[PDB]
Amino acid sequence: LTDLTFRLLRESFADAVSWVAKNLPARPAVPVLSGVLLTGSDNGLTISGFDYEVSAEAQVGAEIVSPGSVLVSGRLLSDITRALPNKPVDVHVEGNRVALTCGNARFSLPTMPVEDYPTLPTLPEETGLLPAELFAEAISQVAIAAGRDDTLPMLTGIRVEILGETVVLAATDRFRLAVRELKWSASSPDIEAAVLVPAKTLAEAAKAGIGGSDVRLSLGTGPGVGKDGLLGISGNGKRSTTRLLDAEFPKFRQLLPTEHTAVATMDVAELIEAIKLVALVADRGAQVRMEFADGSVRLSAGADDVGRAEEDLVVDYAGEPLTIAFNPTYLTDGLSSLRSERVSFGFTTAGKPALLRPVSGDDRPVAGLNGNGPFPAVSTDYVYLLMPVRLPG
Amino acid sequence: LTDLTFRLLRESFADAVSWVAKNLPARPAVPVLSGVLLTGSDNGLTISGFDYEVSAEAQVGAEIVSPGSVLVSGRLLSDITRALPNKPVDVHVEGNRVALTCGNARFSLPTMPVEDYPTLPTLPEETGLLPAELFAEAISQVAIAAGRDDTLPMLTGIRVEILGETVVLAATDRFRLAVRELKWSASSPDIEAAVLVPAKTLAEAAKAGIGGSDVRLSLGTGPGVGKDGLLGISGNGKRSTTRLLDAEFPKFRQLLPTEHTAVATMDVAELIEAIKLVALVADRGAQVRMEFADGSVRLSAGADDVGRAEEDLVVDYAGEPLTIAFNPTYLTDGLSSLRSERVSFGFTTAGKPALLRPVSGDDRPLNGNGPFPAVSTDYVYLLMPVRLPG
Amino acid sequence: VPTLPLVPXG
Amino acid sequence: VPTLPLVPXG
Ligand SMILES: [Ca+2]
Ligand SMILES: [Ca+2]
Ligand SMILES: [Ca+2]
Ligand SMILES: [Ca+2]
Ligand SMILES: [Ca+2]
Ligand SMILES: [Ca+2]
Ligand code: NA
Ligand code: NA
Ligand code: NA
Ligand code: NA
Ligand code: NA
Ligand code: NA
Ligand code: NA
Ligand code: NA
Ligand code: NA
Ligand code: NA
Ligand code: NA
Ligand code: NA
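Residue numbers (our numbering), protein chains in the order written: chain D, 1 to 393; chain V, 1001 to 1390; chain G, 2001 to 2010; chain C, 3001 to 3010.
Because the hints were derived from the structure by calculation, they are not lab data.
Note that the Cβ used here is the ideal one computed from N, Cα and C, for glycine as well.
Warning: the hint list may mix true and false statements.
[Said to hold, decoys possible] Calculated cross-link-like contacts (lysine-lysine; reagent style DSSO-like; alpha-carbon spacing at most 27 Å):
1. V/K1276 with D/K22
2. D/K276 with V/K1022
3. V/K1276 with D/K87
4. V/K1087 with D/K276
5. V/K1276 with V/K1207
[As the list claims (entries may be wrong)] Which stretches of chain D does chain G cover? Using the computed rule of at least three CB atoms under 8 Å from a CB of chain G, they are:
6. 102-115
7. 125-132
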């Protein structure tokens, strides 16, 4: 009925467009799906994109001179708003072109047709709320373990388990398993469900609440959780929806040990640096070896043909000496995911998984730690379970 | 007769090793050619890297416990020394291996037979020298115009013309030509030669000199300058040789126009910013267009189907109005090379080169309809336009 | 390079 | 996209 004309500061405009671009980084085959939709009414501007799998929308205050909507190239609008100086941006739709003016610069972009542009999905009912930073961090942590190979679709997702008081997030690529448990404010106390969500850009979607206290997870309420086949994530004028994966996740809980025959605690920053150093002589970046004993661990890599490397690091160790080897990338991935100063390793044999957990202040000590063991596992809200690789012998 | 053992701080070691190892071959004919040669004697450590094209040699102070030499993998030594803590590094050769120790970290690397390592070429006699900052600026200004296509080897060079106290530097890729003239301290007043030096290598050396001592260029003296087919570059305890290109360079001077039908002076920073903006819609066209007339220029790009952009900019203009188009990257490369607040454009037609030269903010280069003579300058960037649409 | 004993998955 | 009139070169 009327043509859209609005006006707002560049930083706000750019940040809204950025939200959509970060949540939809790839370029779909269907051209119209590359469009961003601008809608102005009353005192607000909504900026959105959709590709049938992920939708993303930001809402910002704006001076709406004339209400309406327009579809324009997402790529161009992103490039332009990122490059502009911090001045007011005028946008005026006229015919099948949109005029975008900022200071002395004038752009005139072709409009795209909304005839076959899909309607954005509706957010399901709120399922619960989490602290904004905590959730964004939790997703970032576990996502490092997700598979990235579509030939095994079940591994490309982050498992999300809802249980009234808690949310559990899990991801695995068959070589590491990351599991995070968070407490939250659930709308329904008796709720129980589990879904599988594509991991590839879930870390970006997880930042929706940043700027505010909480982020809202929307999967539906009561019995019909997961029914819509979408996960909504929103907060602070930003939202997204992500189509769920209809694939079965491995049963991972049986893998989490409840006791260890050896336990080692050490400094994360030191260990990461030493791994990166000794791995410089590892061929194919295949393997680093760790010889744990009382008071110290020898980290080593290499062979007599290209070169050998080793470094001794202080460790607070319990049990019998153990030699165990790891993929150094998987190992530093785990260490970096801990987001803590110190790491505790829980071991059994050189051929069985190693359990990495962050060391906290409120951790209750392992009783009989100085004795023989087996040593009971310490309660933790994050674990990174890592398979070792076989030693050459 | 003895095995090498030395000690020195990681940072000194890493910086020397890195500089020497970088010009080692991508696909070494034999394992020996992937190596860097360490030689310790008296109070000093020499680090040597041979390559057919470019050979490099750094000298640093070191604690020499026992003199000798050893050949070890260049890339691995570089990576290791870059990653170590800022502690002393102990290096000890035993038989066929070299132990490198730093704090709690220990490396044991295989060595290679030093007898099989090619001798590094001797540097030619010194030809002249110049301040490091001048060398860095002049080379940076000219190298941006050099070709990067090895199917046309002559264009991958920087032409270096020496006549006494004066040095002229030139490069082109057929679309832009950059020429810098400078003064230096010549070894002999009557020295005179012209050579062609691989640009990529020279550019790296000029950047690495930044902050450093005067830079010495060694091509020889008198009539024999260039005869060795080598350029030596030295300073800061580092010396390298670069094999010269044995290829004819185009006669570029005849391209420099001596008069213009229009002349335009603009603010460099503002023009560079405006080009960056309007070029956002020019991915397909790879051009920006400029419509000059008195007082103002319309800078624009794009097309109806992909999107359009325009900005009007202030210009001090004289002569015939002109519509002309440029590759925006080649244009901002030239503007970035001027190192001045303002730019003078010297034009003839929309299908002929534009002469860009530096203008200070305290200068104002007019009466009549034209033509206007070209103003003498120590730097030019001559840029071919592209055809306008339609 | 064994996998975690996921069942199924390995 | 014409070249500079270099001789030779164009
Ligand atoms: Ca996209
Ligand atoms: Ca103890
Ligand atoms: Ca014990
Ligand atoms: Ca434990
Ligand atoms: Ca737990
Ligand atoms: Ca001149
Ligand atoms: Na905003
Ligand atoms: Na929308
Ligand atoms: Na915050
Ligand atoms: Na450290
Ligand atoms: Na690796
Ligand atoms: Na202990
Ligand atoms: Na290496
Ligand atoms: Na050897
Ligand atoms: Na050099
Ligand atoms: Na050289
Ligand atoms: Na672009
Ligand atoms: Na001129």
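Okay, the hints, checked on the actual structure:
1. Between the alpha carbons of V/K1276 and D/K22 the distance comes to roughly 23 Å, so the proposed pair stays at or under 27 Å and holds.
2. Between D/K276 and V/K1022, the direct Cα distance comes to roughly 21 Å. Compliance with the 27 Å bound is thereby established for this hinted pair.
3. Taking the CA atoms of V/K1276 and D/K87, the gap is about 17 Å. The hint holds against a cut of 27 Å.
4. For the given pair, V/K1087 sits about 17 Å from D/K276 by alpha-carbon distance, which is consistent with the 27 Å threshold.
5. A distance of roughly 26 Å separates the Cα atoms of V/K1276 and V/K1207; the hinted pair therefore holds under the 27 Å criterion.
6. With 0 residues having a beta carbon nearer than 8 Å to a beta carbon of chain G, the region 102-115 of chain D misses the requirement of three or more and the stated coverage is violated.
7. Residues of the region 125-132 of chain D lying with their CB closer than 8 Å to a CB of chain G number 0, which falls below the three-residue condition for coverage.
Violated hints for the displayed structure, listed by number in ascending order: 6, 7.
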